[PDB]
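Undergrad: What follows is the residue order along each chain.
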Amino acid sequence: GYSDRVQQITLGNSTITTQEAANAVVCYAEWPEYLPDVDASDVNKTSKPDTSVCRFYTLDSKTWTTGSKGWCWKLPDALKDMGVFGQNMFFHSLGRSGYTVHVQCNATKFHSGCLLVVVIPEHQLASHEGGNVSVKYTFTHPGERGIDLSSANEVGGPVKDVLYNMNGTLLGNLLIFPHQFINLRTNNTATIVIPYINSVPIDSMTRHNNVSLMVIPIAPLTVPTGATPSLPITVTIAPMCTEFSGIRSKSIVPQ
Amino acid sequence: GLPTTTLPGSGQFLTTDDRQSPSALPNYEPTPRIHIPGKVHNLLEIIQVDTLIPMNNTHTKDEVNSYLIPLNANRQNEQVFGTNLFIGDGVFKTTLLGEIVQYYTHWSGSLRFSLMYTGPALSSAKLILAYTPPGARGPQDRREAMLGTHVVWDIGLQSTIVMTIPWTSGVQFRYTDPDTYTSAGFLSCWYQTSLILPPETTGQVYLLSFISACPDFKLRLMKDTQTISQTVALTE
Amino acid sequence: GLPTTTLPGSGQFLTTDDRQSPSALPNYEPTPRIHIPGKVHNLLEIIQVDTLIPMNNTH
Amino acid sequence: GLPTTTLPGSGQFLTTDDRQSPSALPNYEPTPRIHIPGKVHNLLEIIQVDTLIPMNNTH
Amino acid sequence: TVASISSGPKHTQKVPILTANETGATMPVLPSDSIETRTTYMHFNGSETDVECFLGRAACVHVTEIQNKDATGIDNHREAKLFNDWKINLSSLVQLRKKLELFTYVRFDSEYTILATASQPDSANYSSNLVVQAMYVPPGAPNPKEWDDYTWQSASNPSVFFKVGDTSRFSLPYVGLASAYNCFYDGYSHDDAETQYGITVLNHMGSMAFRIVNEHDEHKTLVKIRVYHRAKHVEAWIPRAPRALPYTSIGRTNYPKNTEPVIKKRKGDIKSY
Amino acid sequence: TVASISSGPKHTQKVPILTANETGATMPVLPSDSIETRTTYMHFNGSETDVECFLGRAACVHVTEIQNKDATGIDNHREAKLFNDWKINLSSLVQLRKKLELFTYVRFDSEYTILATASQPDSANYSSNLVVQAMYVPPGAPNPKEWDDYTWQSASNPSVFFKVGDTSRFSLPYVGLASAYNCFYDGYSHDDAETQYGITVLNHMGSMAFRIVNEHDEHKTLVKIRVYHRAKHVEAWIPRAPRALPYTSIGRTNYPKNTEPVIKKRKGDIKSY
Amino acid sequence: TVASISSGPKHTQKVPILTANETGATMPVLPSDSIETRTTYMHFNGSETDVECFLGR
Amino acid sequence: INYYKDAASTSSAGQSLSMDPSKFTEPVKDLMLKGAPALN
Amino acid sequence: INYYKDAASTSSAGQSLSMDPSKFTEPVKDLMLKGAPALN
Amino acid sequence: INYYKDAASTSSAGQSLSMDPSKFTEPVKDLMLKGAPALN
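Chains as they are written, first to last, in the authors' numbering: chain 2, 8 to 262; chain 3, 1 to 236; chain 3', 1 to 59; chain 3'', 1 to 59; chain 1, 17 to 289; chain 1', 17 to 289; chain 1'', 17 to 73; chain 4, 29 to 68; chain 4', 29 to 68; chain 4'', 29 to 68. A prime marks a further copy of an entry chain.
Derived from the structure by calculation, the hints contain no laboratory data. A few of these clues could be false.
[What the hints assert, rightly or not] Below, a sample of chain 3'' positions facing chain 3'; criterion: calculated Cβ distance under 10 Å:
(1) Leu2
(2) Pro3
(3) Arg19
(4) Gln20
(5) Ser21
(6) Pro22
[Stated by the list, open to error] With a straight-line Cα cutoff of 27 Å, these simulated DSSO-like cross-link-like pairs (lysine-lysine) come out:
(7) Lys30 (chain 1) - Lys126 (chain 3)
(8) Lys236 (chain 1) - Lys85 (chain 1')
(9) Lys30 (chain 1') - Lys51 (chain 4')
(10) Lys161 (chain 1') - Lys236 (chain 1')
(11) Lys39 (chain 3') - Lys51 (chain 4')
(12) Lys33 (chain 4) - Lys179 (chain 1)
(13) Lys55 (chain 2) - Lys57 (chain 4)
(14) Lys61 (chain 3) - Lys287 (chain 1)
(15) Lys240 (chain 1) - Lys103 (chain 1)
(16) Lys179 (chain 1) - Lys103 (chain 1)
(17) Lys179 (chain 1) - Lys97 (chain 1)
(18) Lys114 (chain 1) - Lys167 (chain 2)
(19) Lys179 (chain 1) - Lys240 (chain 1')
(20) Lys240 (chain 1) - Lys85 (chain 1')
(21) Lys39 (chain 3'') - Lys33 (chain 4)
(22) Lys281 (chain 1) - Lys114 (chain 1)
(23) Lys97 (chain 1') - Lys161 (chain 1')
(24) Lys52 (chain 2) - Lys26 (chain 1'')
(25) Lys61 (chain 3) - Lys283 (chain 1)
(26) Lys114 (chain 1) - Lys61 (chain 3)
(27) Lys115 (chain 1') - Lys273 (chain 1')
(28) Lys39 (chain 3'') - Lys57 (chain 4'')
(29) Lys52 (chain 2) - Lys62 (chain 4'')
(30) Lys39 (chain 3') - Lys62 (chain 4')
(31) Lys283 (chain 1) - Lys273 (chain 1)
(32) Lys39 (chain 3) - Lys57 (chain 4)
(33) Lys236 (chain 1') - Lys85 (chain 1)
All C-beta atoms in this analysis are idealised placements derived from N, C-alpha and C, irrespective of residue type, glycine included.
Excised from the complex, chain 2 in its bound form:
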């Protein structure tokens, strides 16, 4: 009586149940694991807070309306302030982590709409100015708020044009990245497990984000007659196999 459909994920002191899942994706078919010695470089023993950092943090909720263009969060940024995960983050020189991402959106059998939930490794954004204008730090570190693709261009911020993925590629091809759809008629959640993907064994958690999670409405939300025209979307994310190394004074970052 197991269905692909019902699932339970327990991680730390927190549990999620979905009764309307559509399997789960594990990026590149690899599950998060700690850093092996053969791959290690820094000689420091690392710190593995385990259950105090590897639990589920639910970010603040978004509201899908007929005019929504899509939202974008960066990792580990989105979690920069969650509990002890965040403290560890500002206090060590280097850290490394994988995540379980669970995006939630329920409706009824009269609604229609379909969101794309995708994880993009190394999502370098484009400046809407063109040329070689850079995208300032603050703009690519929105924190739990994430970036709202239907917000206005700002100065020093990225471009927010959806048919171009914020980088000069077409929305249609985002499907080459680990992703899952939430089609109100099928699905009510999306779950993706992200292994740590980098060109170095461990890195800085503040100067470099290693994935952007993106939720994009593709088939517009259509509510039943005289229904309220909107649904909330909630994102809950859990660091998994986290390791921190090179402890010290506590980083100070712009803004």
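Given chain 2, work out where chains 3, 3', 3'', 1, 1', 1'', 4, 4' and 4'' should sit, using these hints.
TA: Showing chains 3, 3', 3'', 1, 1', 1'', 4, 4' and 4'' alone in chain 2's frame:
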């Protein structure tokens, strides 16, 4: 001193030849490799992942909406969409498949075309997808369409339908850039019965459509893509 | 570095010589051969089929 | 005469390449080596000896 | 290898063509799941789509130019193109760039070919024969200031001398600092509020300085340098969506404003053929 | 091997010299069936009549020309012969063409040799040294528009750079779409009422674009390109009647009107010697 | 080859970090004598610092 | 025959002949069998 | 010795030494023997 | 393969792979053990 003779071609530089060269950095030790998920070995590995087709090309500036094929409730007998199968041009051209095919001169193989339905769960519909092999015109009505490769799709719990365009061909390779002799057919879709919405519901519903290549597929003779060009060198 | 000497004829192009060359299309896979009746191997095979002589050349 | 083809790079001088050359002094016999304390083999051997840092740079 | 097996009529409870794309998978459906097929063999291996093959041919990566002329009274050799440097890149001419950016991280050895040809746009009695010097200048080395500085001694820095009209060729190991070169980097060099975004040393491949060794003749001679780059021993990770809009800058993803629709509009209906 | 066996007088009921040609056969009659012969050996193998040998020597297949000159103010490089393309063919110069069309389908690898020589028809101080670039442009690739377009980057398209006066040589595998190249095709590309007859992609071998890499000197330089083609690994099917009338077009069988009698008229009678 | 071995807390009478530089020696002290380390390998030979290489271009 | 000492100086590598699209085409956590229902 | 990797790059092929004119000189359905009458 | 007769004409030497810093880092007459007191 051993006697030699040099042949025609001596001193030429062929950008495609593969020979040994002296290393400028004798004895240098590269950084160790660490493990990174995701290694690609063949472009054939990636063109099997499906991506969305902007089938609804009828707009005037690129929009999220050209990915949406609309469906109308209560129409009978009528046609949902049509396209030829020049995978290197037209709707296909910006898709990952289209985009890679363009790095090669010839392609052969089967294509997989699927449609995912997004209408309310309490609605229902039966569509027919038809592949018309080279030699006939794009079908003009379902009767015409239904006499070639087709699948009656019944919209249900299972949200997507995967149609295969089996390789139908005299010549074993076709050109990726559209060519007549080498042309592959048409793909059309019609109401088999009709879309029906539940009460309290209204308007258009949309289908999303994807394209990817079957394991069947072959691409050969690499060349340059018409999809990118430039007028002055870029700088930092 | 192995010492060499080049002989007279170096650099010439003789349309009748038969040597190796780099392939411009590295790794390309040609279309499979299928069977076709009629293969010719030697011109000596075909000059044994008789053909008509315009003997009455007087026109 | 063996047929050859020369590749791009022929005739270049790369200061870092390592090949054989004719000796200008054929048959010459170098002076014998005697023992000298102190032979260095790697620069890695010497950067492990500590030396003083002008830390007080303020002059 | 069979490309298609033989398959006949089906009337089952087992439907391989109905799936749920919401899952993120592309189910491996074949012609034989939905029509009746006959056996056929592949006759093909997919040799020429190997990434080593795809990135393994020489591409032009840079065209520069230097001139041989009397430097007498020139206050700025660099500025007179008496000599010229180039910080190595693979993202300035777009053909090879789009190919590499199909991947996120890439690792390979480089083989460089340098072609140099001379031009004499104004009245010369003859064509002189110039020798070019290409010096590889790694970050931290003294940089040439005049066309005949002590720098050109290049006692520790690899340099090649070849003749204009000829070609020089050598190969450099993978010089990246990390395990792969980042084709993309969503980071900064430090948490500064104004530091540059995206451009990184993670990509840095050295830099190269060119000059003519010859002193000047009576006329002036323009020498134009073309650098070609061929990847050998390629390793690529994490495929990405191909580049759709035009490029504007080395190292940023930025596209131009008021660009044009990249998807071709139908001449007709959705229903059109 | 015996070329003739010994044979003596015959008075038989078994007549090998009477046959019925209406049958379509050429009965294998020998000297020894009708005169008295002596033994003789062949001393010969028929080596030089092998089709590999017959089609295996280089033949000139194309002569084109490009010039190096100041492109300043040229509105159409292609038109100034600043650069030039060629869609590969073996039926434009007739010598090799008649040889190939002795067969219906032919399959082979090609070895190309390209000789380039320069001419300076009007007053020059000297002869410059130019490097030619020959790019192989398969159907669907961007085609060069100016003599120095992004196209020439040729990041994915095989190109060779050699010097004028020298020769370039490389070999291309059999690039046909079918199992053989059609020397003839009695068809159309589709059932159109006005589509072209006979000319087909079944024959298509690619296409090639040439340019000089050098910028301009003070004089102008004419470079004339000659492409030679040698078939290697030849396979030929279905012999046909040799070409009798002159050729008029690449790819059609058409002969010129009011052509001349191709059979030599006797100077005398049928009875004449 | 290990570049660093794994080493944990220490509370000893054996102090490798106190020395007398007046002796002229450079005592071979390592990270693992004064912090807690994890194993890591060298992945490197020191090839390009050989004097033959240094003076050989 | 390599004429040179360093590995970077050798010619192009030889075909992976690796090929496994499943990391890209089927990265699902619970295995999907073709023919069995997608969602149970 | 081939110096190159691809087959197209090898020299000319070597003599068929196949030679069988009968597909061209005697494509008759019922075999004709020299010496026996052509038409029986 | 050496093509030449004299030893000077051969290419560069090959890595010492000798490496022993103690003549430079620990030339003390009485051996010092790390961890034992420097001056007893």
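Undergrad: Confirm or reject each hint.
TA: Evaluated hints:
1. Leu2: Interface hint status for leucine 2 (chain 3''): holds (9 Å vs cutoff 10 Å).
2. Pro3: Holds, because the Cβ-Cβ distance from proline 3 (chain 3'') to chain 3' comes to roughly 6 Å (cut-off 10 Å).
3. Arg19: Holds. Min distance 5 Å.
4. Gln20: 5 Å, holds
5. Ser21: 7 Å, holds
6. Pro22: For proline 22 (chain 3''), the interface hint holds, since the closest Cβ of chain 3' sits about 8 Å away, which is under 10 Å.
7. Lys30 (chain 1) - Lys126 (chain 3): Satisfied, since the Cα-Cα distance of roughly 19 Å is no more than 27 Å.
8. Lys236 (chain 1) - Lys85 (chain 1'): Given that 27 Å is the threshold and the Cα spacing comes to 18 Å, the pair holds.
9. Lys30 (chain 1') - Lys51 (chain 4'): Holds, at about 25 Å.
10. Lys161 (chain 1') - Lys236 (chain 1'): With Cα atoms ~21 Å apart, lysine 161 (chain 1') and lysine 236 (chain 1') stay inside 27 Å; holds.
11. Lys39 (chain 3') - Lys51 (chain 4'): 9 Å, holds
12. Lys33 (chain 4) - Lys179 (chain 1): With a Cα-Cα distance of about 26 Å, the restraint between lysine 33 (chain 4) and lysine 179 (chain 1) holds, given a limit of 27 Å.
13. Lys55 (chain 2) - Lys57 (chain 4): Holds, at about 25 Å.
14. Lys61 (chain 3) - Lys287 (chain 1): Measuring from Cα to Cα gives roughly 19 Å; hence the hint holds.
15. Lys240 (chain 1) - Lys103 (chain 1): This hinted pair holds, its Cα atoms lying about 17 Å apart.
16. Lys179 (chain 1) - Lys103 (chain 1): Between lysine 179 (chain 1) and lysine 103 (chain 1) the Cα gap is close to 22 Å, so the pair holds against 27 Å.
17. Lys179 (chain 1) - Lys97 (chain 1): Holds, at about 18 Å.
18. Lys114 (chain 1) - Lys167 (chain 2): 22 Å, holds
19. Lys179 (chain 1) - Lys240 (chain 1'): Status holds; Cα separation ~25 Å.
20. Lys240 (chain 1) - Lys85 (chain 1'): 16 Å, holds
21. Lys39 (chain 3'') - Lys33 (chain 4): 26 Å, holds
22. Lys281 (chain 1) - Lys114 (chain 1): 24 Å, holds
23. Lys97 (chain 1') - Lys161 (chain 1'): 12 Å, holds
24. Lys52 (chain 2) - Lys26 (chain 1''): Holds. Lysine 52 (chain 2) to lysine 26 (chain 1'') sits at ~14 Å (cutoff 27 Å).
25. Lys61 (chain 3) - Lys283 (chain 1): Distance ~14 Å between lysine 61 (chain 3) and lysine 283 (chain 1) Cα, so the pair holds.
26. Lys114 (chain 1) - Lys61 (chain 3): The hint holds at about 23 Å.
27. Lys115 (chain 1') - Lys273 (chain 1'): 23 Å, holds
28. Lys39 (chain 3'') - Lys57 (chain 4''): Holds: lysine 39 (chain 3'') and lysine 57 (chain 4'') sit about 19 Å apart, inside 27 Å.
29. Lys52 (chain 2) - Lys62 (chain 4''): At roughly 23 Å apart (the allowed maximum being 27 Å), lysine 62 (chain 4'') and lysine 52 (chain 2) satisfy the hint.
30. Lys39 (chain 3') - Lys62 (chain 4'): 25 Å, holds
31. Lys283 (chain 1) - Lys273 (chain 1): Holds, at roughly 26 Å.
32. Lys39 (chain 3) - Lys57 (chain 4): 19 Å, holds
33. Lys236 (chain 1') - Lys85 (chain 1): Roughly 23 Å separates the two Cα atoms, so the pair holds.
When each numbered hint is compared with the structure, no violation occurs for any of them.
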